[PDB]
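Asker: Got chain X; can you put chain X' with the ligands on it based on the hints?
Protein chains: 2
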Amino acid sequence: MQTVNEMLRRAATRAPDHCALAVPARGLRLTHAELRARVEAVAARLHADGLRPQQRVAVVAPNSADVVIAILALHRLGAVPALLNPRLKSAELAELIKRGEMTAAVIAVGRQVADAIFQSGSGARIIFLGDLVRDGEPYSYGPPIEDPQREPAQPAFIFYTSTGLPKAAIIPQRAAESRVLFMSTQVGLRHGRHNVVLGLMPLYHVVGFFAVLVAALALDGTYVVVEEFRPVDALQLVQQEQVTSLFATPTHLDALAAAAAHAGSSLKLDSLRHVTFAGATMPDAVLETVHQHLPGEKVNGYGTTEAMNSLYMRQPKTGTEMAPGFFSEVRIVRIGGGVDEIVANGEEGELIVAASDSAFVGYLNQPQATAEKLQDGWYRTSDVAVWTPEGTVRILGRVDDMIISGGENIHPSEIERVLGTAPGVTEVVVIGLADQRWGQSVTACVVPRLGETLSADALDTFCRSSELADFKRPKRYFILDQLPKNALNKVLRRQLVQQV
Amino acid sequence: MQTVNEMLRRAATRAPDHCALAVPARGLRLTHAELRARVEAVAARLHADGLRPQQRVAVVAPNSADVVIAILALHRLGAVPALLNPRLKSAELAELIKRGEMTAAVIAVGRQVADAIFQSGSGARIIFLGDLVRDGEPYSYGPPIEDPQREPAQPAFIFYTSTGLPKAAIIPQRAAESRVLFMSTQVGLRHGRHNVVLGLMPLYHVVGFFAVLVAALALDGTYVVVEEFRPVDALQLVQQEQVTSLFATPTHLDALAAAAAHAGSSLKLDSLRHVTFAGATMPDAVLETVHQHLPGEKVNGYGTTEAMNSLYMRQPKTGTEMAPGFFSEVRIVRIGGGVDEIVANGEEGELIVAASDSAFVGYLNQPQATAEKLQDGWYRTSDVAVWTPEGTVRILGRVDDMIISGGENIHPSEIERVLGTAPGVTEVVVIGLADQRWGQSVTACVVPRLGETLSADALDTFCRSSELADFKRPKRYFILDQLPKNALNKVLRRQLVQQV
Ligand SMILES: O=C(O)c1cccc(Cl)c1
Ligand SMILES: O=C(O)c1cccc(Cl)c1
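Protein sequences appear in the order of chains X and X'. A prime marks a further copy of an entry chain. Numbered by the entry's author numbering, the letters in the first sequence go through residues 1 to 162, 165 to 502 in order. Numbered by the entry's author numbering, the letters in the second sequence go through residues 1 to 162, 165 to 502 in order.
Treat the hints loosely; a few may be bogus.
Unchecked claim - Calculated pairs, SDA-like style, for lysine to any residue (alpha carbon to alpha carbon, straight line, at most 20 Å):
(1) X:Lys319 x X':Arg195
(2) X':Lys319 x X:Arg195
(3) X':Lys319 x X:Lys300
(4) X:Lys319 x X':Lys319
(5) X:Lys300 x X':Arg195
No lab work stands behind these hints, which were simulated from the structure alone.
Isolated chain X, as found in the complex:
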């Protein structure tokens, strides 16, 4: 195999004096060589404090040079970093560290979340990030440390997914490579010092970590650190930094396209060759501004924390329609049936992908969840798809959001995309109320633009003019001043239902 440490280390030997990390704001640059030295020194410093290999350690921090150093230093020691979204509720992070049986937690959130841990229960050493690394500068003690043996199926890193409370997906050693290389086979990145990769994706997301951070370094390139996203600022980075590739969320891309469109030839974005994104949920409108207004080849990708990348499209026409590339094997089976029950072609079903090398090896301490998800060699996405006559896979929506109304499959995502273009709608979620006509009644929950009124009549009329087939039209509307959302801004479908 080739592990993360080994990928980064080989790079450092090929390009020791080349720029590895930049923070244009803060004015900090480290070569690959210098980043070894800092990773090494931390690794042994933590080692000198008791931490041994295979012990899980939490990392709760916004993107920064210092967290890149800390995460890699932990991998280099042999520890298993558990990367956690810093926007989670204090209570939730503590629960996931207790459930996690974790030896330490590296934190750069504030004093009040360190308190949450102080109580909480689980004896996990609370390490302040700035007690390890500040502005790329470690405080290091002890001799340098040995490189532990790593085994292909051995746990390497822990990323979190998301009913209630995110699950800790275990990423084995053997998975790093194809979690990086798919950026090359699918997206088109090649090895080389021209590589300048803008880090807009958070590091607690596998894409932000393997596909953006590790890729950048392992291709002997430069990771440009982005502590805080701002659309015009970010475009200045592309120009100033010679960014060659960018992997962004749909929301970022909307922002960047809108700025690019109101910069004009003002910004030189010529250096940028790859605009990548997971756009299954990307509305047609946003995608379009992306082709009109941003440069470089656009690639749409579908992936999961559990299996990384499973489908893609060069130069996408719509964001839902993709096709498997290198490393992947995929199938559409009957919902709730065995992994061998393929569908008739054109019937809807569950997207399952083969659980090859890139696959997670289970959820930490949730072997029931695991057995719902890894079956007879496959990984079950929980997403609904259909095969297009065109030979491509069309992702329709989550199995869990699917509305079954009078023996018929309805996907709220479709209906939400139409309704979201109705004038006066700022936000919409479609749920299936419990439930008649029967089984389930298609219902729309909509939030008006500031100061505007909506009426059920006018939205209905709008829907009537849309392309939706009869049965897909909402049977009811609730105009709300807002939708209840979690810590990470996801809509609480289970809960909204109750409230209506």
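Answerer: For chain X' with the ligands alone, kept in the frame of chain X given last:
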């Protein structure tokens, strides 16, 4: 890991009805699906005849659809294909199969080489290629067969290198992937059905096999079969077939460039994006015509049967100067010293590369050769290199050809490139005679162009005007009507020496 079988099989599921193999002459095309079916059927047919997994089987045949089918069918059964240059002497092939303890030999050479085996000694079943597959059509019996378990370090394929009698390098299961993917990280190939790969490299060479055949299929592309190389014909294939990438020997590239230059816009070569080659030995003159006259990005690569790819250059200025890319780790140590004795920067030494995943695991039944070559984690190239101030590696020549004259390192390849431009020289080899001034005397052996005379005086004078430093100039000349060469056209340096 991802094995060859598994790479090809996944492809077949992604692109079942896409063209896998073409033979434009012969008018034959097989989709990926159809190629599974034929690989499957052979595999079980051989299986039904006694052949079980891990048993070595010889393959002696010029490039053709049928040998692609046969080699893959053997891998699919579990057998270990030993691929052998068909231009070897009857006697030599037999010796390598006896030494090989091989269970069968698949042959498409003539009746007289089958005789060589008939005698020879080793009880190895002589299978005629056309007894398995003719024009993509198998004669198959028995039920389909089980897919054997394959293990990362387990032998997978056997390729031959070349003093006397080629060594059988064992290629483990785990090596296929990065032997393919380096075409993507270094050369720039991406996954996709646009991929149309011209097979000019012989299949008994690892590049011809992993980097060209397996790459083409595994990227869901098309391998264009070339039974017999002809420069204009081959350029017609690029145009007619929409060839996107081409990996060629230096001799092929000279031929193709010269034809391209005397076609002109006559041939549309636009579809061709990658012209790849191993050009360490490529004269400056030929490389230049390649940039002037052929399209697509040109990439120079350095590799070995033992470790595959170890250095490269996009848009090369000279063919000797390269730099390591993804998967590689390299060092220049003192000649004949330990793998840790790096050289002072600017001093010449032996190029060693790390023996990672892509590495062979030893020479079949030659554990002394193996221990000369795999040391303390490294693979020893037997090539001399130097680090350029520019941060690149300059390959100077084979350790074995190096001439040591009065305590000074002389590389005949350098002196041969100069002398080969002297007017009237058709062919030149520089050796070091035994040996004074001392140690060794630099001597040139030259063959005149048809009907021309050479004299030692005139060549000397030519050399005097060249860039060569004093000590590099030949001290003697022997004008010969030809050089003694082996079966595979390599010059017999040991032997020439005797004759002079
Ligand atoms: O979480 C995602 O959307 C994701 C995860 C891995 C790979 C890709 Cl393309 C997308
Ligand atoms: O044998 C060669 O020249 C060779 C073998 C493997 C890879 C490459 Cl780039 C070259």
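Asker: Tell me, in ascending order, the numbers of any earlier hints that this structure violates.
Answerer: Checked against the structure, the hints that fail are numbers 3, 4, while the rest are satisfied.
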